[PDB]
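One chain follows as structure tokens, the form deposited in one PDB entry.
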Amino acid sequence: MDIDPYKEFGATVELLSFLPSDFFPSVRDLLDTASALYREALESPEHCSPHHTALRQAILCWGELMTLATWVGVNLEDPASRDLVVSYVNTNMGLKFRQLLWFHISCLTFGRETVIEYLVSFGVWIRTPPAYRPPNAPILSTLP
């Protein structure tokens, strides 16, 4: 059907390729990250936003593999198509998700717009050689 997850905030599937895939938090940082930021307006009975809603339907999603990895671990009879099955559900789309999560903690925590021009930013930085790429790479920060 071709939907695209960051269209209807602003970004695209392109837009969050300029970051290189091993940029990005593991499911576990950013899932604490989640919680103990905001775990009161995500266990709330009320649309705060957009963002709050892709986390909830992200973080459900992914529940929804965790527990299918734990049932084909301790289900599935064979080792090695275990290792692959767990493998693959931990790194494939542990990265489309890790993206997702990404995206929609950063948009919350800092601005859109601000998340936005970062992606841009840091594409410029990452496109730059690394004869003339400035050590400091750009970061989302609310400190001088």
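Note that the rigid core is defined as the largest set of C-alphas that superpose within 1.5 Å between two forms. Numbering follows the first chain given and starts at 1. What changes on going to the form deposited in another entry:
Annotation: the position in 117, 40, 78, 64 displaced by at least 2 Å at CA between these two forms, with the core superposed, corresponds to 78.
The Cα shift for residue 91 between these two forms, taken after rigid core superposition, is 2 angstroms or larger.
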Second form
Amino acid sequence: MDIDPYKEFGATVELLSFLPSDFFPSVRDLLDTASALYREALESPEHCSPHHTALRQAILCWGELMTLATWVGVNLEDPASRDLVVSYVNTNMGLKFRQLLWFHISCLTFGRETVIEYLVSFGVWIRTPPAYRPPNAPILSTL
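Next up, the form deposited in another entry in place of the form deposited in one PDB entry?
Chain alone follows, minus partners and molecules.
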């Protein structure tokens, strides 16, 4: 079964393929802001929003992946091998979950409208050749 995790919210993997991989913030930073801004509601006994529902599962799945890879690298005695493992993780699953957390945190904070318009505007900015590319990249802001 092919499921797009954003088709439910108004986006697609091809719409977030606009943003590059290097664009998304660290999982550390994303979880930090998730806590600081929505901890009381993520720990709540309520459907507060589908974004809350999805973000909870994303956080728990990141935890499970971390436990897996940690236990694995620990069972792995060789540093080159464990470093290879965590590199692959960070590249593939790290990037998936950075996309996901960024999307949900950003949408909770700003709005579906703002986040999708931001996706298209950033696509414009990154498609523009450098000689005409403003150095001020698009930024989300409640200000």
